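S.K.: Spelled out, the chains give:
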Amino acid sequence: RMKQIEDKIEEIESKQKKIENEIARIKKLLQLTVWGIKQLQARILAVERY
Amino acid sequence: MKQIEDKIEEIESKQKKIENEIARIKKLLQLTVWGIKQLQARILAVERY
Amino acid sequence: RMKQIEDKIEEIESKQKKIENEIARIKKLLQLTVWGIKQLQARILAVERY
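Same order as they appear, the protein sequences are chains B, C and A.
Under PDB author numbering, the residues of the first sequence are numbered 1 to 50, in order.
Under PDB author numbering, the residues of the second sequence are numbered 2 to 50, in order.
Under PDB author numbering, the residues of the third sequence are numbered 1 to 50, in order.
It should be emphasised that the hints constitute simulated quantities derived from the structure, not laboratory data.
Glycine is no exception: its CB is placed at the ideal position from the N, C-alpha and C atoms.
Don't take each hint at face value.
Distance ranges between label pairs, derived from CB positions [stated by the list, open to error]:
1) B:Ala24 x C:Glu11: 20 to 30 Å
2) A:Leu45 x C:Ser14: 40 to 50 Å
3) A:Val47 x B:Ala24: 29 to 39 Å
4) C:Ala42 x B:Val34: 47 to 57 Å
5) B:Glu13 x A:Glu22: 43 to 53 Å
6) A:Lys8 x B:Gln41: 16 to 26 Å
7) A:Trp35 x C:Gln4: 40 to 50 Å
Go ahead and model the full structure; you've got the sequences and the hints to work with.
M.R.: Below, the structure is given as structure tokens:
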């Protein structure tokens with residue numbers, strides 16, 4: 001009984017580490033999309049006014 | 002022993018909910034990137050005209 | 001070994017709560033980027049219509 005409790009916990013820990021990695025990648029990409037939107041906003045405002 | 006099985010089942014259920022939310026976040030982020038690149042191409046067309 | 005299991009379970013629950021809070025912040029920012037993209041599309045369309 002002790003062994004397969006330890007097995008399930010090890011599996012959960014592994015999924016948790018994968019979740020943290022996926023979140024870190026999501027944060028980096030979301031950071032680039034926000035910056036990209038700001039760059040587009042500057043170009044369209046330039047087109048509107050000039 | 003019983004309180005551990007309950008906690009493991011609860012954790013597993015929480016992990017699945019997080020995986021599902023992450024999958025939707027990834028789906029939406031892919032479409033936002035795709036949309037941002039399309040807008041970039043449209044603004045460049047106006048700039049070059 | 002049982003105490004190790006209890007600690008790891010508690011560690012996982014706490015990390016899961018931190019992940020949920022981070023996901024909640026990610027959703028808010030993602031909601032803001034979608035709104036910003038829609039506003040940019042209308043502005044680009046406004047110039048294109050000329």
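S.K.: So, for every hint listed, does it hold in this structure?
M.R.: A quick look at each hint next to the structure:
1. B:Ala24 x C:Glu11: 20 to 30 Å: holds, 25 Å
2. A:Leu45 x C:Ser14: 40 to 50 Å: Since the Cβ atoms of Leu45 (chain A) and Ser14 (chain C) sit about 45 Å apart, the hinted range of 40 to 50 Å holds.
3. A:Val47 x B:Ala24: 29 to 39 Å: holds, 37 Å
4. C:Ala42 x B:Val34: 47 to 57 Å: violated, 19 Å
5. B:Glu13 x A:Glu22: 43 to 53 Å: violated, 18 Å
6. A:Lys8 x B:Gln41: 16 to 26 Å: violated, 46 Å
7. A:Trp35 x C:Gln4: 40 to 50 Å: holds, 45 Å
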